[PDB]
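There is one chain below, alone, in structure tokens, taken in the form deposited in one PDB entry.
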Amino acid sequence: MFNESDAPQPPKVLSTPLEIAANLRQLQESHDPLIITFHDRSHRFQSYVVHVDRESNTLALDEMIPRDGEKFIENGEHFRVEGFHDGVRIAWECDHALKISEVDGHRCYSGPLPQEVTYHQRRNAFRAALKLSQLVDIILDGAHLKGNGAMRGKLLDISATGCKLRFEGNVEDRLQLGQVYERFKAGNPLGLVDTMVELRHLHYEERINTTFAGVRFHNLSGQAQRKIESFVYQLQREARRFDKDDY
């Protein structure tokens, strides 16, 4: 009904030539730089979209930068093409050989328009990856917590043995290093019920008005270990997937 505004937006595939051509025209008109990855070449190259014509089915890219990239075009090599317009990653593949030609006195490479272009806005992914968003909600409570109300914060980082948390404001004096807090909880998709944690590190960063805690899991149950261990496995899979920078 709405998009939780920090939710990562998945890739969109454009398959109509009217949409495809619009998107490529936009890259041309804004001169949004492209990167060309050839199937089995270590060096990547830059280009621009220098002509788009849906009536003739022609898409021409600019001369490669460095110009030595051109030998791979001569060779008819398959490549991925990649640019950004208004913050959105626009991508396609060229699975075929192009024509070496000129437009407005400069060498360019041409062929038919792609039948598929991807459209991916990746800001929300990036912010998640920066741990600025999509953070698991935590509660830290216990008999030894000073002040009224359980403390609400956010999970920054987790392992089999402990985690790092974030609290708004200066909440250092509510807490005691070395103390066991026997009501630690983490919301979804971790779903962890009252777990005990020992406080190991404690830092108020004034310039962002944020208190940071490092806790160690105290006498974990086996069902807790396995929930944490699976969460940790799933997290580092989405991290590795993000870092690949492949969609």
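Positions refer to the first chain, counted from 1. What changes on going to the form deposited in another entry:
- Of the two rigid parts that account for the shift between these two forms, the one holding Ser159 does not hold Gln121.
- Relative to the larger rigid part, the smaller part rotates 106 degrees between these two forms, based on C-alpha fits.
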Second form
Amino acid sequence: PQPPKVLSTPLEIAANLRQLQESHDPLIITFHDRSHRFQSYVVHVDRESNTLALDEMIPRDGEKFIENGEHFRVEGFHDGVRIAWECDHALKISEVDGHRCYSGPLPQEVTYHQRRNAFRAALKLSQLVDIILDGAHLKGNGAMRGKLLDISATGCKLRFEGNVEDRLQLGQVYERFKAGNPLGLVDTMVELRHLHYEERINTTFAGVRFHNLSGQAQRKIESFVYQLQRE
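Could I have the structure of this protein in the form deposited in another entry, to go alongside the form deposited in one PDB entry above?
This part shows the chain on its own.
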């Protein structure tokens, strides 16, 4: 679990906002009591002037709510961290070289949340590792063949052809998980944490957590994770 850090100083607040800016990290703007989510970007951060400017709404019609001076929440990711805050102040709509933006004071507080205990390295789609998901509590007939999509020191993301939801159970433990080269995992225990089926591409994705791993198994998983980002 663990809740997000609450950043409450102009120094920290501006530093994180500058990162969203310099990286052009997309923001999702949600207006109070309005379903639709709009997109923006941080385009100006000036701590001395206590000024923050957001990029023109997308869709453009959302600018209407800023004119209405409606309250909204803003959230964006930077290097895996969810940076979020509330804007309850009136913004000024400005236009520079045709590009418009909304500027106002820096938020008094910003939340900083990153929930994963270990970095997940994604595998190139052209180099997916073959895996087998199996165990005594697996429903249906036979072990399930699949592919490894991402992996961290603590778990991994798997891919299975077709819909396999009914053959699995959230929270269930599978003691016969295997992974081919270059991991060479055998008789590994994994616990299903999340899954969903995507009809459009007839694929079920699942997130599992490792359990009771030997040192050798850990060093092998961790060295792969390390190597995956080496490239």
